[PDB]
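Listed next as structure tokens is one chain, alone, in the form deposited in one PDB entry.
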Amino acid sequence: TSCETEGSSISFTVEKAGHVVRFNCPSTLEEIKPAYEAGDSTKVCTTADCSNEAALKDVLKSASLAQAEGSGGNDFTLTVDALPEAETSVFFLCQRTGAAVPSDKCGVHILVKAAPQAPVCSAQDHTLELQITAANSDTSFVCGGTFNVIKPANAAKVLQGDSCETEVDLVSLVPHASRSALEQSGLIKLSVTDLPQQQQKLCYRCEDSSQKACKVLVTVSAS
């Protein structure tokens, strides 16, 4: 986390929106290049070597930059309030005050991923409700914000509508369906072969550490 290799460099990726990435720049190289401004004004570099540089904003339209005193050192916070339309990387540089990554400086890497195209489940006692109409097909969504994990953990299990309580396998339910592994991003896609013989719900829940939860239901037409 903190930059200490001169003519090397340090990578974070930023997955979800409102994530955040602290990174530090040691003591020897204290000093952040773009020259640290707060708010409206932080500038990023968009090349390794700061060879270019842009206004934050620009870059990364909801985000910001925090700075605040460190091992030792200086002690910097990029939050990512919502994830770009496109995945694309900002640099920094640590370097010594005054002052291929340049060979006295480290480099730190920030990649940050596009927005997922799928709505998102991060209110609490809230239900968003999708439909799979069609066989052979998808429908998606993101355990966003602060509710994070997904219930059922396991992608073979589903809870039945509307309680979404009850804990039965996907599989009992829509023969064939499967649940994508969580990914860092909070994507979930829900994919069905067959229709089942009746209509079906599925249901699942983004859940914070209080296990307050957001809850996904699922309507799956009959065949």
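Numbering follows the first chain given and starts at 1. What changes on going to the form deposited in another entry:
- For the motion between the two forms, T139 lies in the other rigid part from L65.
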Second form
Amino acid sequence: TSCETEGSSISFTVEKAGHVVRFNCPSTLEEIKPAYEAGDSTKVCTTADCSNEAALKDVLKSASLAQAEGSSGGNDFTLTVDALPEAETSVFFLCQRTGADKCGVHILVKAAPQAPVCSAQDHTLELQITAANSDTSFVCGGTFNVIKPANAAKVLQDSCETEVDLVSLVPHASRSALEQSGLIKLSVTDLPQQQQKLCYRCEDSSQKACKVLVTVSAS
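Can I get the form deposited in another entry as well, since the one above is the form deposited in one PDB entry?
FYI, this one's just the chain on its own, none of its partners or other molecules.
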């Protein structure tokens, strides 16, 4: 929690999307470096000594840094990372005296785990959406590289053979694809009023399929 010790360092890890780290610059070394600014204006250090800096937004696309009054006091900071970065990445701060003998904060943000693969006939890959404002991702891999329905607005309704509009089951949900990698992403904002089960097919050229079933939790 608190960066108490002059000349020392504290560290933390964000290991899952949506996880948070809180640390404290105490009343004795109350001032954070880079100087705190909220939302799009936040800056982080990119070396431990804080001789190097960048915008948080250029280091971690979906992170935020919050500030609140401290406990043995000073200031509390909360970093949330919504989506993990592609590669492992470190951010840094110092706690120092106002107006500036300093204490260092090192935060490691793990690389996003790579997406589960549906690469074998008649297997079912079972995925879950349980919170608002989340996504789940999978790859149509191996020889099962054709996403079905091909049309991103469409989804299949666990027998997986009837096509319907995705927003006919989960209003506001959308499907997106990184076609060079086979990666498909299902995203939702608000949860549907009743639990749904979405199905997609990762098919080979002969239309055999690995099946992907997403349970979307009720609001």
